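There is one chain below, alone, in structure tokens, taken in the form deposited in one PDB entry.
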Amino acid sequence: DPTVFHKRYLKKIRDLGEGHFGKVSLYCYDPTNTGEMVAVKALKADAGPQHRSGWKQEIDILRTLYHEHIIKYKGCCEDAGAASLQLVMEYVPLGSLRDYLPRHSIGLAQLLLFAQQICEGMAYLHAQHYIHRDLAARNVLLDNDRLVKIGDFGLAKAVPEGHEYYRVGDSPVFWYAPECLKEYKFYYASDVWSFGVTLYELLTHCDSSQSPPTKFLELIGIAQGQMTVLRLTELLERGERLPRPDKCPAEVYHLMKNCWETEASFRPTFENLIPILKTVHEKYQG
């Protein structure tokens, strides 16, 4: 059953973040009056046809998802001037792990709990026959209780019923498995590769000097898209991998490497990752 927010009662507070197709801002929704704080995401200015269709897909997908570790869809708002809907979501005031981790002292057990929660949301997503396609620390958000909420479903897709992959502008190539780069196939297992990269980001505390783009660009250089993807594919097929983060346990690095098996069918499922991460979280907790 639909929920409609009325622009007449939305009062902008501040900007929060920029995703693939939309910008997110904080609003007070006050049909009285104070009222509820909500996040509102709107189609970016100068959006072309391809962007409007991506944006429509994002709203359609998020409208169907309902889980403790997926950012909560609240409703939509019409913007008649844009001829487009605006997406209203819960407000999660700690923002993304990309912005949070560099600014706080966080232990290994906490990082592994974040990872477990990411796997729980992703196991749910895959249950529902969607792939995310940009599973990266920038898109993992934290609520006031530091509970993980996966966000930015801008690239997400329904995997055609009867299949284990979706056949695929600017892609987040430094988070992508070789089959995505080379075969233009995005499997459920391709999101698991991306999770491995995200886990690497968590263990490096989202330090920019250690980031996946920094590490790969050191080897590939700035180049055109096609050349970048070719060079990246070659490195990955030859077994090149992101290094073990300082202070990362051997078994946690082995977990990353398993998520980065070149052959997709050898990677763990998100369902299996849940108890694996639970186990290592408890181990390093006490």
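Positions refer to the first chain, counted from 1. Heads up, when I say rigid core I mean the largest set of C-alphas that superpose within 1.5 Å between the two forms. What changes on going to the form deposited in another entry:
- In this overlay on the rigid core, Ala250 has a C-alpha that sits less than 2 Å away from its partner position between the two forms.
- Core-superposed comparison between the two forms: the Cα of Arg146 travels 2 Å or more.
- Superposition of the core reveals a Cα shift of less than 2 Å for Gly239 between the two forms.
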Contents of the next structure:
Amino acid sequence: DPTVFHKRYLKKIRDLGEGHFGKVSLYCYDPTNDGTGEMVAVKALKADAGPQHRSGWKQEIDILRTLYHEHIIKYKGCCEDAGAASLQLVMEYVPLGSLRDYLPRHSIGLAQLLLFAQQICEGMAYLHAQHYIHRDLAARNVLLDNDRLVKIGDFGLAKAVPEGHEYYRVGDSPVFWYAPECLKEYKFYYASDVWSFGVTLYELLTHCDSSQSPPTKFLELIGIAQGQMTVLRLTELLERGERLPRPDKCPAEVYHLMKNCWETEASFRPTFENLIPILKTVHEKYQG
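Next up, the form deposited in another entry, please; the one we just looked at was the form deposited in one PDB entry.
Shown below: the chain alone.
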């Protein structure tokens, strides 16, 4: 699947981001040279990269080729880049950008946040239905299309789960979004994405305020006196049962659900399938 965009019609406008070994850029695709052309977000493999990076990139392209859902960024096509000697990944451009760039500048109410949470779970259930783990679920990878719509917008760490396994075995790791089993056993379950969702939910309820972020909060608890032992120390504080605190005006019951996504024991966490009904009921509740 499907379309081939010719780089001769692609006009670079703007850098939108930088993720793993890729950059996402805004282009205008203008065959008729008119300005009528469509704006598209284009992900490319970085200005230098080795065999590990490249084998990953091919996997990312194939995963995003086969995903199709209301709350997953729309895959539009590829672009030969000869170049870097690989393809560029072309997707729809969502101009409001990530929740991480958006929420710190726009006072969004509780009901809308829970709606986004519901929607993130929907996309994640679908993704788990298709047998993938995301491994990088955080507010910076959730795109606000409008208002009443979010999409999961990046798959750079996503992996298929081996058809006869419960997990995938794994640096650039977003460790402050990771469950203990990922930091310790280096295994990544479906339940491990639910932990990350709990942190993303915490991010939303704090409007992604930089001072309240997980790295900031966790490094305040851990201290920076021994950088060598950050992961070790994070794992111990988590296994001790210490958690990220309640965000201001977070309803008691929502922090409860948050904590339940943070069960130390993975099997005690809800699936994304479990969360969809709970979230949409709590969403409904908070409008009226």
